[PDB]
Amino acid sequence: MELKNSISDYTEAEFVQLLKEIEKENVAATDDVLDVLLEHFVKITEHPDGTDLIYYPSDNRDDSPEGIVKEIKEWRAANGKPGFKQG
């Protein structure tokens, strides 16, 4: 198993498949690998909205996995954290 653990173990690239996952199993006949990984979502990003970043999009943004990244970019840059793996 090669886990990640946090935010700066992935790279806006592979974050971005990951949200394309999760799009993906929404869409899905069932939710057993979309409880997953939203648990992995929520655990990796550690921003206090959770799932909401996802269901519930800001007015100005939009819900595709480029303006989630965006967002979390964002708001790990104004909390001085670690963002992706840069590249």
The other form holds:
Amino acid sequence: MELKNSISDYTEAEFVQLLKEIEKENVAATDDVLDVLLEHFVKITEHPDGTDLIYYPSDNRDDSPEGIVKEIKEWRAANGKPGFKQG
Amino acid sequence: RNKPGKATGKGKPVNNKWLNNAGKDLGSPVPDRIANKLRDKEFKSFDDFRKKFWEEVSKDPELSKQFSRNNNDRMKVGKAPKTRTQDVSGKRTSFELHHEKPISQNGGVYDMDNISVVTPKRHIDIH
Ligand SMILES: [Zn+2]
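Let me have the form deposited with its partner chain bound next, following on from the form solved without its partner chain.
What follows is the whole complex; the chain from before opens it.
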């Protein structure tokens, strides 16, 4: 799909779309496409937790795409890193 | 890959932290509750087994509750749950089914008492 190479090209609605794609590839027969999107999520978010944000959510937030987005925003803003595109 | 057979084993008792933290080593056994479901059943190949092993694991209301929603969807279709980034090795990022007694020496492919769940870092280690 339309994969952006930076978290700031992604609006929140768009990043949430990438999370549903992953969830979709999560139940596909193989992990071929899924493991590719997961390496991208890992690189564009830059969070040290990595895939753990999706498969091992922190008990301090919701286990949902919104809960995931929140943690990325919070960790990115708290570290002085550009956020999600505005528009 | 492998040859058919009937799953056998008593399985072992586990708490509500089955894979996460272990009360024993870095290897988790086949929950006895799970072994009771796959016992005396034939599988075309060991992969057919692992495939169904994970399926049941997601039908159990006590063990599934210990996995994220995403890791739960994986097991429901028969895929091994993803490990934590720190237990991953290479392209192996999923939980693996190891054999205590190699298919070589005494075989035992569906011997649920001969199978333990492990992480790549571990399996690769204990090899
Ligand atoms: Zn092995």
